[PDB]
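There is one chain below, alone, in C-alpha cells, taken in the form solved without ligand CYT.
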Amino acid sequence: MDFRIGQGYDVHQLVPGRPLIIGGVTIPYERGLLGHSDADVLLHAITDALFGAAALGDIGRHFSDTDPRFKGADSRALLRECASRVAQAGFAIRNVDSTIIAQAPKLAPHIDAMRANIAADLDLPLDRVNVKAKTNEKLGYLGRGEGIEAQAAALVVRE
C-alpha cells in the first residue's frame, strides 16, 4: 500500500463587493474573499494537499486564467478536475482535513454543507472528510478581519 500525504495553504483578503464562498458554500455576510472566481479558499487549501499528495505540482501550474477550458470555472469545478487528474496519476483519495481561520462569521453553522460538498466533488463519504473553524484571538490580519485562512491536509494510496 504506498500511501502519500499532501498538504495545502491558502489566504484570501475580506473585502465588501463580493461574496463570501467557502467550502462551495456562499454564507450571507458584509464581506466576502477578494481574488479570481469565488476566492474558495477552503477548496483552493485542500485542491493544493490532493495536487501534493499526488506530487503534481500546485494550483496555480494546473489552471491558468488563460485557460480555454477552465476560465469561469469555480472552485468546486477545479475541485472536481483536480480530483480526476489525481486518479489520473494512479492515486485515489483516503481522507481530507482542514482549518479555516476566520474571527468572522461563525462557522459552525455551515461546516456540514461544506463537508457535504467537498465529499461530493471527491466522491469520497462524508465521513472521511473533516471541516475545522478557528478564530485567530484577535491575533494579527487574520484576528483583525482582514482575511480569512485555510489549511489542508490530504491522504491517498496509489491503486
Second form
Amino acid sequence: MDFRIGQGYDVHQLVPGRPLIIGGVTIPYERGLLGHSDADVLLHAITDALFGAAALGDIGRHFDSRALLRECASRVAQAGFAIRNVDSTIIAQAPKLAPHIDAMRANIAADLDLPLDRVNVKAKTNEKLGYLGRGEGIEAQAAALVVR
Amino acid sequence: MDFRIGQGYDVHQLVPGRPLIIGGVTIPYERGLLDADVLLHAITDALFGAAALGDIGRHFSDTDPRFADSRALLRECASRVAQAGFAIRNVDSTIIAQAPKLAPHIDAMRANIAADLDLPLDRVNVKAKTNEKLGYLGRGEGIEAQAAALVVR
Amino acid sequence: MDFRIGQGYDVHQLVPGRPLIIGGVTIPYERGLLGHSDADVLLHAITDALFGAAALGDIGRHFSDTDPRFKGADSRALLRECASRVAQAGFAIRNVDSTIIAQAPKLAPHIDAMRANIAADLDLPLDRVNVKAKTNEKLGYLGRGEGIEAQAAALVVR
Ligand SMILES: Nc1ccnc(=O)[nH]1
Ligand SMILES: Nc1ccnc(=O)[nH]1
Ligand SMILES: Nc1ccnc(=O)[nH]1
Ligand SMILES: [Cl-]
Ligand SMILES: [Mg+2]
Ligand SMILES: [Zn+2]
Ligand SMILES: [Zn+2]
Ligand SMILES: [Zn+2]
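Since the one above is the form solved without ligand CYT, can you give the form solved in complex with ligand CYT too?
Whole complex next, starting from this chain.
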C-alpha cells in the first residue's frame, strides 16, 4: 500500500484591528493575523502538508482558508490519494488556545471529511523566545499521512 | 494497515543556574534549561499527535498532583498510546543547540528513549544541529527539539 | 509493511561572494549560502530526514563538518551516498516532502529543477518528490534575509 507523508509550515504577523482566526476559530484578542486571505496559519500549514504528501506542490502554486482547505482536499482526491491522518502544532505566546482546540479539530475533520480521531491540533508557547515569544507572530507546523 | 504520523516541537531557555538535561542525559555546561527536557517533550508530543490524544499539556498539567520527570511522562505517554490501540513503529528527532557538542551523548539519549518506549534500538534516532549562529538558538539563548513518530493501530 | 518516517532541519547564513545552491540548482543571486560544503540547505535537510528514517544518525555523523574532503563538497553526491547507505541498511524510499524558507530570491522558477535533481539522486519518479517554498512573512533573521532554512520529511520501508 502506497503511503506518503507531507509536512507543512506557516507563520503570520500579529497586527492591530485584525480578527484572530486559527483552525477556523475566531478567538477574542487585541490583534489578529496579517495575510492576503484570513491568514489562518494552522489551516495553511495543514494545506501545505497535504499538498506535500500528494506531491502536488504548495499553497503558492495553487492559490477564506476553510474553503481553501476544502479545495486542497478535493485536489488531493483528484490525484488519487485518501487522507489517513493530520497532526499539527500552533506556536503562540498568547492568547490561550487550550479552550479552542476541540473546535479547530472539529473544523478540520469536517473540511477534510475525516473522523475526529484522525485529526490533531497541539499548542505550545515559545517560552518568550524570538518574535513568537514576543507575540509578534504565530507559527504552525503540520504533518499529514495519505495513501494512493 | 492503519498507520498514523505525529510531529512534535519544543524549546526552553538556556541560562546560567541550571543543569542541562537532554533526552534523559545530564550534560556538563555553563548553562541549563528552564527538568525541562526539550527532546523528550517534543517526542511525547509527537506520540500524542500520532495517537490524536491532544498534547503533553492536556495529559500532564503544570498543575495536577500526579506530576515527576520527563522520562516518567514519556513512559506514561507510551502506555496511553498503547491503550488507544497504537503500536509505535519508529521515532526520529533533531536537537538544535549551538553549544555544547551533543555528538558524544547521542547513543545514551537513544538508549533512554528506546527503553522508555519499549522499542528496538534501531527504531529510534536522534540528530543534532547548530543554528549557524542565527537567532536566539544560534546565540545560545535556548535549545529546540523536533520529533516525528509513526504508529499503527 | 515495515515503514519508517524521518524529519530534517537545516539553516545556513546568506553571505556575499558565495554561490547560491539549493536543491542542487545554482540560482543567480548576489549572495549565497555559507558552509563547509556547497552549503545546499535543502539537500542537507533531506539527507537528515533519510538518515533519520533509517535510524542511521545524521549528516554530521556521515559527512563531518570538519573533514577537509567535504570542503566545497557537492551536496548531490552526499545525498546519493546517503541514499546508498539507506538502501544498504535495507530501506527503499517511498516519498520526500520539503520546504524552503527564504525572504529572497524568488524560488518558484527553480523549484521544478530542484525536484528533478532530488528525484534523480534518490532514483525516484518526480511524483514522489515534493518541494515547497515560503517566505517567513518578514519575521526574524529569515525575514531579514540573514539565512535560509529548510525542512524535510521522508517515508521509507524495510
Ligand atoms: N497560546 C497557548 C500556548 C500553549 N497552550 C495554550 O493553551 N495557549
Ligand atoms: N550542539 C551540537 C550541534 C551540532 N552537533 C553536535 O554534535 N552538537
Ligand atoms: N523566496 C521565495 C519565498 C516564497 N516563494 C518563492 O517563490 N520564493
Ligand atoms: Cl520573509
Ligand atoms: Mg523554527
Ligand atoms: Zn499562511
Ligand atoms: Zn518542554
Ligand atoms: Zn547544511
